[PDB]
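Consider the single chain below, provided in structure tokens and representing the form deposited in one PDB entry.
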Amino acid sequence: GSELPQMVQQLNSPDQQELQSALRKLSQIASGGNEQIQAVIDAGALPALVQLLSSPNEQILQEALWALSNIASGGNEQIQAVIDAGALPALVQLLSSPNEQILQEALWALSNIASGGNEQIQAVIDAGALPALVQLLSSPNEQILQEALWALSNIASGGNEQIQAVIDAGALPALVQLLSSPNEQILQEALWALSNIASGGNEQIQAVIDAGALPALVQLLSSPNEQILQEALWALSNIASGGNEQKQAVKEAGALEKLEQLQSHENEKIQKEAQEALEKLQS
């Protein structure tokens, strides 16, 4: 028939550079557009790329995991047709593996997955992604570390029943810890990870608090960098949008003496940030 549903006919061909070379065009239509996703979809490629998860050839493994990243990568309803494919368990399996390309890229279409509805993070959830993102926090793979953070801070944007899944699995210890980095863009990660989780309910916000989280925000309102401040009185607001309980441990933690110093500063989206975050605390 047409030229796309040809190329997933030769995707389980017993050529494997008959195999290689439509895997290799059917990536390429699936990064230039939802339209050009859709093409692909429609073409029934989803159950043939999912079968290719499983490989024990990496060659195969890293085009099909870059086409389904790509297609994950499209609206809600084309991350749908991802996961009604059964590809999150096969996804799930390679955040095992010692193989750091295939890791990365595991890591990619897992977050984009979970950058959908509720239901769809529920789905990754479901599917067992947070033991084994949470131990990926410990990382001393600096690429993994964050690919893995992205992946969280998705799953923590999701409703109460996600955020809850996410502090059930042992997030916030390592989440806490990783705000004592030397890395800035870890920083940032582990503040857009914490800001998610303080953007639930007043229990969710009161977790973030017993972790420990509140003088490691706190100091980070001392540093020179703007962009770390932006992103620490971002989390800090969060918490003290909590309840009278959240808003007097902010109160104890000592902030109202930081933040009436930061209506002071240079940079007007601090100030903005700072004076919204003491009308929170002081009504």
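Numbering follows the first chain given and starts at 1. For clarity, a rigid core is taken as the largest C-alpha set superposing within 1.5 Å between two forms. What changes on going to the form deposited in another entry:
- No residue in 228, 253, 216, 50 other than 253 shows a CA shift of 2 angstroms or more between the two forms after fitting the rigid core.
- If you fit the rigid core between the two forms, you'll see the Cα of residue 8 move by less than 2 angstroms.
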Given for the second form:
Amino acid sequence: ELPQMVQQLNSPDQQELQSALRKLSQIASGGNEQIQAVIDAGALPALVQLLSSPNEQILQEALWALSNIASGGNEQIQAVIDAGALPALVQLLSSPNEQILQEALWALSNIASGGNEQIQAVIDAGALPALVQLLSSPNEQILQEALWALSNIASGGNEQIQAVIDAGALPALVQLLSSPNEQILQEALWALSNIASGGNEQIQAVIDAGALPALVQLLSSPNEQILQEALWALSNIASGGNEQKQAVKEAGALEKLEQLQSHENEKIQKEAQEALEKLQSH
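What would the structure be for the form deposited in another entry, rather than the form deposited in one PDB entry?
Coming up is the bare chain, nothing alongside it.
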């Protein structure tokens, strides 16, 4: 019975509540179909309500369930947003409890893994200032969690990318390119690459932030993994705002890049004339 659990989300019996929660986390896993069934049973209102709980045991598992639900499709992500989860998630980003912070960042990043509609909701909720603050954290675990969420946000449209820039993320990112920690370097380059996958305005901001000297320095690295990550980002920078020459750090991006080469031709037909005509009008 699924409604029994949903009912039991309002139970004052913490033992009966915790069982319905962890079981819901189990149901939320296993595909968007089970996710949708949870959504249809009307659980989200009570779920989000528990995000204000001072009971870390309940809060944790609650965030766990919301994250699973948010791992579904954009439609299923949007239901989470509609339920009103973002404002509570954003405030939890200031928590001194690293356990809660991870769960909050996990849920928030899954929401930011959807469409620009979902990404923009994250931005409109005020999540970027907190995320940027965390980039200065000496906790490598917190740092990864924050970059993961920022990366997903920077994977959207140019306006989303620009929001990230205006939030002051680039200075922290550039400083991390000097880290001797290859794991931090990967995470930082991942985020940068998504940011460099925007328009000329966005790319120029990366340059103005002093990213190139560090990227250039890494081209000499004997670490093939660093090399790929550095080249990826620099390649996006050298794209000139042309999204057919950019690739967001996601599966299928390089394959798509190759396919677009054999179809930019008719798109390159009109650039060459724009070049000749503009020159002939010197």
